[PDB]
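Participant: The primary structure of each chain is shown beneath.
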Amino acid sequence: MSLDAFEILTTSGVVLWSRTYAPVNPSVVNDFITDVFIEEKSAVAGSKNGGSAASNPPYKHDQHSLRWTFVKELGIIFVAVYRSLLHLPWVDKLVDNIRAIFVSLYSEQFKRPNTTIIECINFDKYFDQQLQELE
Amino acid sequence: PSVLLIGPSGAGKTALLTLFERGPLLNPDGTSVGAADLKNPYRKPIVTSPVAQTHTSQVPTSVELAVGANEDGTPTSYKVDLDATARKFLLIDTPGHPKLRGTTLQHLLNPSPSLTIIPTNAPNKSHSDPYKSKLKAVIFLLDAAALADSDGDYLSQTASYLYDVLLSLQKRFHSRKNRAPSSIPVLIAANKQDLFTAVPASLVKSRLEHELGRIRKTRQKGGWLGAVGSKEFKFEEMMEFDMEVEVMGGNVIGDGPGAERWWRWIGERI
Ligand SMILES: Nc1nc2c(ncn2[C@@H]2O[C@H](COP(=O)(O)OP(=O)(O)OP(=O)(O)O)[C@@H](O)[C@H]2O)c(=O)[nH]1
Ligand SMILES: [Mg+2]
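Listed in order, the protein sequences are those of chains A and B.
Number 131 in the entry's author numbering belongs to position 131 of the first sequence; there are no gaps in the numbering.
Note that the second sequence covers residues 51 to 133, 137 to 178, 184 to 236, 238 to 281, 300 to 347 in the entry's author numbering.
No lab work stands behind these hints, which were simulated from the structure alone.
Each residue gets a CB set at the ideal place from its N, CA and C atoms; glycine is no exception.
Possibly wrong hints are sitting among the right ones.
Below, simulated SDA-like cross-link-like pairs (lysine to any residue); rule was C-alpha separation at most 20 angstroms, straight line [as the list claims (entries may be wrong)]:
| hint | chain 1 | residue 1 | chain 2 | residue 2 |
| --- | --- | --- | --- | --- |
| 1 | B | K152 | A | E40 |
| 2 | B | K152 | B | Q215 |
| 3 | A | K60 | B | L153 |
| 4 | A | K111 | B | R93 |
| 5 | A | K72 | B | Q215 |
To spell it out: a stretch of chain A is covered by chain B in this simulated footprint if at least three of its residues, at any positions, have a beta carbon under 8 angstroms from a beta carbon of chain B; those stretches are [unchecked claim]:
| hint | region |
| --- | --- |
| 6 | 17 to 30 |
| 7 | 110 to 121 |
Required output: the full structure, derived from the provided sequences and hints.
Facilitator: Right under this line is the structure:
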């Protein structure tokens, strides 16, 4: 516990799944995708990798940017939230594999084209099981 | 059967989209209409909230939506389930970031030729039957709570975007050649309306005209959106170009006018 909020949001912005422990300013993540995906100054698609950036002022100040995963086929992004350079590497282990669970369980659903609705409601159970294994 | 959602980031563009889809999915009391699990053929996905958390859209998303108009009903609400007996249309949310606005406008500017088909899984430059992507309406969504701020950057940059948006459609009218002109009615929607600072629609209409018109003057010194000769720019001038411009309020979240007024505008226009 006590490492803030985890979010699972689509390329187009909708948040499929959210877990929030501390109140996190929306703009934090909002600033994050703005630079990583829209302006793109210092990022390369990968798993468990670099997760660093500073946005400049096309869209605001930005902090420096958690650790994150991208699934191009499904267009979902996985953000686990640091506390400004506090940490414990488990989230890395957490965030990439945790896409592997989420993808596994709901990968089929992104195929349906008409809607932004992926119902992943039972997920939280799995999530807890995972959180403990890293303690 | 397409209506374009347009506006700057934070407008609640992507979130309004979410609101309309989950409408039929939960009864009043925000109940999941489908938690009687294990109905293979028909069961609608369970939804936990009438609108979901969102962050800034990095891509257009086109979403499936049906408008009910039971007779005398006008467009019925977006929260009534249907199972058909409905006009069907595509609501396409779009990115608001200034970098991502441009592609959308290219669509606005070329009339029929482009049409309005987005190559999903990305931007350009899984269920198949005779479907179309006609463009009959465009919605411009703004934050009427942020508009209140004295920083006044929002109205200026927001009105500027609207200026292009309205301007492109104007160029679209001059593109009737591609002999088959279509009138594009535009809804200017003042969102974030449960917030106390939310600027009233009438004011948003009035401010925009003032901001837009000045921009033309600002740009003219540097085409002339609206009338060839305008003492001042009104939305009413845009009619000349077959553009029904309407300022209407609403809120995606919280207590307020609701989104139905918008929704009623949309159904009347497909
Ligand atoms: N209180 C309140 N919040 C709203 C309203 N409409 C939208 N929001 C919130 O505004 C936040 C940002 O809006 P989004 O829809 O996610 O962003 P966007 O409008 O798609 O704009 P982009 O950044 O270009 O993608 C969301 O968290 C919404 O919950 C509203 O009417 N009232
Ligand atoms: Mg969005």
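Participant: For every hint, state whether the structure bears it out.
Facilitator: We went through each hint and held it up to the structure:
1. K152(B) with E40(A): At roughly 11 angstroms apart (the allowed maximum being 20 angstroms), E40(A) and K152(B) satisfy the hint.
2. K152(B) with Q215(B): Between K152(B) and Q215(B) the Cα gap is close to 13 angstroms, so the pair holds against 20 angstroms.
3. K60(A) with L153(B): Holds, at about 16 angstroms.
4. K111(A) with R93(B): 17 angstroms, holds
5. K72(A) with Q215(B): Given pair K72(A), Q215(B) is violated - Cα atoms ~32 angstroms apart, limit 20 angstroms.
6. 17 to 30: holds (count 4)
7. 110 to 121: Three-residue rule met by the region 110 to 121 of chain A, so holds; n is 10.
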